[PDB]
Amino acid sequence: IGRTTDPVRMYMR
Amino acid sequence: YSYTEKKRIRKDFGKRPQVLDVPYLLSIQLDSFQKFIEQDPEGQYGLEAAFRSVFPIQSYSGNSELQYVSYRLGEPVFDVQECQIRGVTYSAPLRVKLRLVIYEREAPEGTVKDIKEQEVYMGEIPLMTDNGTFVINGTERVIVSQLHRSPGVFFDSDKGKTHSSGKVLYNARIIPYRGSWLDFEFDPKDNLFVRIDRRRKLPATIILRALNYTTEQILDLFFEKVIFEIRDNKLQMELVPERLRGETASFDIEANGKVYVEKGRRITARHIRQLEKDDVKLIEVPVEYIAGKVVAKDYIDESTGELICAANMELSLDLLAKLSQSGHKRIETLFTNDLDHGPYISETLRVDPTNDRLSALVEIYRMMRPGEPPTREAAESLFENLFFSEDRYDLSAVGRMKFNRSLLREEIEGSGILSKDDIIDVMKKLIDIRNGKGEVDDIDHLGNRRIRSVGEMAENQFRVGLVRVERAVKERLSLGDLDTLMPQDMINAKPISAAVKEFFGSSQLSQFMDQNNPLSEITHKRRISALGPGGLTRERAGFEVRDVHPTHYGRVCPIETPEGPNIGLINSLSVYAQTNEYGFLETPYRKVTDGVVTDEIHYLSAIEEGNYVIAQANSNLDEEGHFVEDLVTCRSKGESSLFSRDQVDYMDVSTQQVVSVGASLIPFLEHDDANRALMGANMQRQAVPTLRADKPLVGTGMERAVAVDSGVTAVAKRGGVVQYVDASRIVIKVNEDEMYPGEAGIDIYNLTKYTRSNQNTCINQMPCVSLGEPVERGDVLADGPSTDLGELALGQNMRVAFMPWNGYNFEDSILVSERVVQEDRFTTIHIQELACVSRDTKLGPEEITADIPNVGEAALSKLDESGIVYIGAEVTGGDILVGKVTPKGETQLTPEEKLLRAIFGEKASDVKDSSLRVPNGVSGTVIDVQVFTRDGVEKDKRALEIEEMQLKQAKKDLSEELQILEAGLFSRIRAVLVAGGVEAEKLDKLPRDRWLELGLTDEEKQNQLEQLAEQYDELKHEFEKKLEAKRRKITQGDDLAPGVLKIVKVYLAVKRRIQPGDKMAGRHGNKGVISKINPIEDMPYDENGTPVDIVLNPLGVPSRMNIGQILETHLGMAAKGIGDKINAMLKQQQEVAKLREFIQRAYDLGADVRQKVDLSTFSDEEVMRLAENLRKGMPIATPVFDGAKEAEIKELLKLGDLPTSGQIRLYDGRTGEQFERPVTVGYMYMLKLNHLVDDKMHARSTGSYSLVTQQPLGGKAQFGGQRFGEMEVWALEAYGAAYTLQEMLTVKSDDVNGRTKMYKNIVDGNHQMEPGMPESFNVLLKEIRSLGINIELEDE
Amino acid sequence: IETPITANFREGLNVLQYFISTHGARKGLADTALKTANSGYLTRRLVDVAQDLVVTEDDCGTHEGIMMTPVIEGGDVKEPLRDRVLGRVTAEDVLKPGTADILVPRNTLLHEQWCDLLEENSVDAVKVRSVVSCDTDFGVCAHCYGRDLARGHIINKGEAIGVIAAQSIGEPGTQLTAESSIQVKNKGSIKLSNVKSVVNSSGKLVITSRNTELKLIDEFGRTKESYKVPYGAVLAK
Amino acid sequence: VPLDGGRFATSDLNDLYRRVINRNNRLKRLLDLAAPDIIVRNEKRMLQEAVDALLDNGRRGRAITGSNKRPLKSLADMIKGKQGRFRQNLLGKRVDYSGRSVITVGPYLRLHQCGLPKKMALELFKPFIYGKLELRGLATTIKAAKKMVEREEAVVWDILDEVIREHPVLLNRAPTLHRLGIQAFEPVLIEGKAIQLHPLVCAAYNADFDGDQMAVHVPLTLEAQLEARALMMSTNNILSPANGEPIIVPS
Amino acid sequence: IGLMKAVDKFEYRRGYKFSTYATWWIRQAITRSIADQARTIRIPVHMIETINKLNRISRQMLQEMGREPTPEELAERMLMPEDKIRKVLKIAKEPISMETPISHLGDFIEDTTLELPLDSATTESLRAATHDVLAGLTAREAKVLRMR
DNA sequence: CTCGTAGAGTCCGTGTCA
Ligand SMILES: [Mg+2]
Ligand SMILES: [Zn+2]
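Residue numbers (this note's numbering), protein chains in the order written: chain A, 1 to 13; chain B, 1 to 1340; chain C, 1 to 237; chain D, 1 to 251; chain E, 1 to 148.
Everything labelled a hint here was simulated from the structure, so no lab data went into it. C-beta: ideal position from N, C-alpha, C; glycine also. There may be inaccurate statements among the hints.
PhoX-like, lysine-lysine: derived pairs with alpha carbons at most 25 Å apart [as the list claims (entries may be wrong)]:
hint	chain 1	residue 1	chain 2	residue 2
1	B	952	B	1025
2	B	501	E	93
3	B	501	E	9
Taking CB as the label site, the calculated pair distances span [to be verified]:
hint	chain 1	residue 1	chain 2	residue 2	range
4	B	63	E	38	37 to 45 Å
5	C	2	B	537	31 to 39 Å
6	B	1332	D	166	21 to 29 Å
All chains should be modelled from the sequences, with the hints used to inform the complete structure.
Listed below in structure tokens is the structure:
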């Protein structure tokens, strides 16, 4: 994973 | 000679003939906007481009089309003056014709039904005035041009810093007009990595795989082949003699039983030549030579059918044996070398992790959008949209041209999206540069930098708006119904209007106009800029972009640039420079034939100019254009040197084409150091117009062009004779040659009286001609601010002396006489505007009543019955301009006032006094008052009177114009009615009206008379309509901001005199501050008793090499001597003959010049007029690099009976004793910069304080304190001044109780303080406690 | 460039020469504009580091110091002893080249008179107290600091000297931006220091030390130049 | 605070607190509503992100102000930075009893004197003039003294000349490279608007008369005046603090 | 949250597709949330509806007439007394941030709650004078005056 | 001589000033 901090990406995943 | 030129002729030094004349100075702006509107048939630059780019709009196969047809521009609601006064923008409505086509489902496509909706309104586009400015919100603005890097492909080096081991790391880049950036770069290991615009690094082979490419295809593309075969043994390798160059022989290179080369010796030139001559193609080598190769194409066993050998792996003995036993006889190996063909793509493939197209696409998608799952369709769509989507990507026409020429192609036309071929070419070129073939390109070259103007920017904003509207329309039509909707509700002008307004109103390139001088405006309009959107930044510029590239010669001025943080990022335009059709700057050069310098001009850009050899401007020629001296100095490729006479290709067109207008207005520029020339060029813009500006005695000849090209002066459109002149109007009776068949008409010019500029200066035009005087086309009829007879005049020329005077000119300071102030030489008029707004408050509305509380008749003497100051009243600081009262209540007085009112019984009023008053220290005269009242409110008496005056003035103006035009048309009617039967008696006797009434018995003239009567009635009706429109416009309502009921604006005229502390400067970068005003009888005087106006220090010249001022002083002295001679000759009225002879002798007075003056002038009228104009001094002209010389100045001094040395004996006014060491006296042209001391002095003791941090409100509009920084704290700590510092940062600024106690103590006469604690510390404690931290004050 | 500007400002400069000079003009302007900010930052850091140093004592009664000698590079002198030792206070009594006599007593502010007396004789090296070797903790003492001041006397007690030092160092910041043989420039004796050499058959001394220096002692015992002789050098005398 | 014309201005901390409170309330409602796990987890993540933005902004997503692209100002951004409280309000505050003007030559002065315009002196010394007027019986109440000063009567000028006798002032030039950029002089009232500076102190100040400006401060307390007269006077600073060489040489 | 409410309040007997019902509830919830918690100074939902209708009508007038809609014309076109329109126009702003560049907007905000030092000095002088005058008077009369 | 640490090379990146 890219270790992104965006909650949007986590919720979409 | 033109009349304006023949009134006063400027004696002109200068030997170089002129072939090309200065062009229109404001051409770039006008051309850009014209191209922007430019209704043209072909789809190109303009609004047509955007309309054809967006439309037609197609639905999701919905069988409906919305197709563009045409467009037009309406007429502005308000003109420039109305917009300026009201406070709105000056623009025109955009009306576009749209046609909607709908198809039925489903059958062959056809015109089911088309609704031709007409004139859909789409926002407004601001218009450009006649001079190149915009009126956005009642304020003039200028849209400066931008210098930005052009689209294309550029190769850099990044030499040096990388790894601190040399080994420069090359790279490339592709920059589109609109889209993402591609990039390639090398690394310390020599691996080609590719980066998306700014994302993470990646091997270069991922992209190649993503383009549907395989390892074999890549190897074939980026490498060559080597042939191997086994002629039954010993690897009879197929050799090429050419490839053997640059290597050491490893075996016995022999053929045909002959050993051309033997093992143990490296290949040499002779060996290669012998192999070429002997035609040896095949040799024999052991397996050792082939053990180190790399196989291109995979190899598999035919018998077994297994992938024994794949592509791109290092070979081995076992692999060779396997391939040989498997029947393989030919093997291909990449031709690799350590000098010419490095193994870069092979290494990238080895390190590349991906193997197939899908893996590469997944990798790209993950890199671009990390953290989300990848999919085949999503990755494919992303890759297609990134670089190969015409909607999200477009390079340019110019971008495509640059990209093609960089790759050495013969076609400069292509598509707006990349392709596999372009990427392959870029990669190949980068690899070739890495291998040692080719050269990188420098960024600062002006062949790589492009210039943008207003039209392009406005078109881009319009395109953005259209794109948004088109997307919205697509969505609405797809989702919404398509059976009855008319195409007037699916398109909204809101987005286009928003985009255009955002660009024009709130942008870094739309700048508040500079209006100090005509010169300031001219230089503002011709300005380049590297900042702004899409450009660099002040703090991230560097030392290599703020530098004078050699390509600037003839295109950008090298000595005019700001001296602050943004130095080298402005680069005012040159004099002869233009803009290419692609946006590149070009300059003119004279075409040179075999040996004859022709007179045909060719415009060349940097790329073209680099090749040819260009001669110099100051190259002697002899009446056939033959270079007199054989070795002519030229410059060919970024360098200069001597060249043969019959080897030059071009020649400079003029000696002025290296500088701008501002730097071309400086005489004797070649004698001034560069720094001081830059300072003078920057300062000459800031001069403020004086009460009467006369002229420069020593000029250069660029004054007339600057004065005329600027729109301050009034210039005759057609020739004629002046029919009526006044301080507010000029009427010209056009010649019989220039009048059209009908509408004989007359020219009327309305002058601009005292108005205000952006900088609060005065703008005033005054007549320049007299009654019954001829005028020709292009003449000047009215002077603007700071011009005289059509010439520019920014300052005034004074009598100066260079000597020290008792330390009153110690530093750059100056000593001025009293006769300079008595004669009002440097007096200026400034106009201010003040406003008083009546708002609505919760308690109640405000009032503009004239009955103010607790104020006597003294303050209300100048207020009329309505409560507004009179016109013409002379007010002083602290006076009341407009009265006003605000409601109030519940004062809540403390017991003491209760007792006081009980004893005295004085009532407490409920209305506060909030009237408008003149600022302290300023006194002037009221010259204009305006009143704006919100719609739906009663108008007071003053407003009604003002509007009645306005209506009467408008009617009078229209009537006067109609009567002038009616006199003209009566002359026309006399001319016409003379024909068709000539009746001299009837015309004189018959009244003008009766002329049209009469008609012939029967002829076409009867119909013509009927038509004339009908047209006269129509003209009467249309004039009535104009009057009604004017009246309705004057009487309509006002659209004001919410909460305002009335607005009153007052204009005060202030006259500023000269005083110590004011700043004066010359044209050679010599500044100073006036130090004293000396009496007339204390100034030094010469033998004749005439004092000296100003005294300057001699110590400023030697340390600052600006020798131009001394030459200017000498030449001014000579000119004034000639003028004095003429004046003395004229006072005793000798005769016309003596004046003619002397003036002719003065005009000749040269060494091979090109003046060529009379005798051809009028007998005595013209000569006497010229003498009267010259009696104050003969003007001189000195071009920049072709001016006067010392010998000519000495001759001019000798003719005027002056000491050729330039120095005279002076005496001391206070003693009568004569100074030793004769002094240098002359005339110099001095300016008055707008650094007035009345705008600088400031002081406070107490006042308002901030809200969050209770500190004084620093500034100037409010009192504000002087900031006490940390450097001053260190300075006070260096001493032992603890108490001063403590009071400085405790009681003076921030501690409230300390402030009050200190004030009371000072009043009471006790100088003591109680420090306390500042408020900022408490604020900091609370803020830090708002976090999780816990900070407290201990005690022990 | 390979060709210079052969004209001056009394005469005229043609287009090419003036265009050439513009380069240096603009470069100098930019360089000054940036050096100002660099100097400002450096002075801020300097003030930050040592802003709490004050003279909190009168005399720590120490005996150490720094041995002050004139700095002579090659055959030239760049800094005399008078400027180096003027204002300091001696740590140990200074003895003249003729021993058994105390030219100056122990710690005493060396003002102009003492400097003139020293220069009268052939004093070459004098030891003076320095603030780097002060015994006072949480500050420095007046004797170990010295005299230098806008005043001419010794330093007072309670003075903030760190800020003064930082400001003094930072103020002039904006103004900043073969040989096989050695030949003497003055007559005198030749002194060898830290030298180990052997004479060859031909009659020369073989430099057998990697840290050999060549001195110059005059008739007054004052060195006039300093040269370093690398290992393996031919000796003349 | 409300602005003139019905407009309002507020701090970003207000909107940050509003966001935090709203998300906390929504999370509480969801918990009380027995929502699925995913919704509760997302609400918790949103609350944590809001708290992090409120405390220290620009670490995760740099939330920008509504209707604008500028990022919000976090609590940590107020304390720190070159424009924070520590460096902008705790060491560089504005002060009262001060002014500035353009400097001139004034070659007739003495080494301890300067030239101060009458208007600047009057407006700087107002309170002293009020006190003197009340003391001398010319004005019964402070309002009468204020009116007299505003009318600019001759007695006012005499009182000012009496109150400015031996009161030194401090003159400062913009770049204070060393402690010689501030010195104390004895004002001499003149007519005009430019400050006259002794020629010998220009080198120490690094000042030239081509548009330079200078500021003047008035020491109030008695110890402040004594310090100005005994430590900062122009006749007390003749040698360079960097080296004992004089700094008042003729230029 | 709205979809949870809809699923809780769903009946499959009618046979309609759940999409429309869920969309109805979700849209209602989203609109209510935007109305309630979208502004620093919250305003009632009916005011939001009035503002939206006014904006739509103004857009229609601007498109049809070309030049611009004036408040009076938007008055007669609507069916209100032309003053509520002005109030709704005035009540349609949002607070500004104090860090807007110009220096910053927050540096020009004056404190209007402070009392001038001259006022304090005047009050002190008045207090002293009143005390002196009261002391001048008699005992009982002065005491009564103070008490009153 | 294999394989474990553990130095030590690397190095890529987050950070902090101007
Ligand atoms: Mg200056
Ligand atoms: Zn010590």
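Find the hints from earlier in the document that the structure breaks and name them by number, from lowest to highest.
Hints 3, 6 are the ones this structure does not satisfy, whereas the remaining hints hold.
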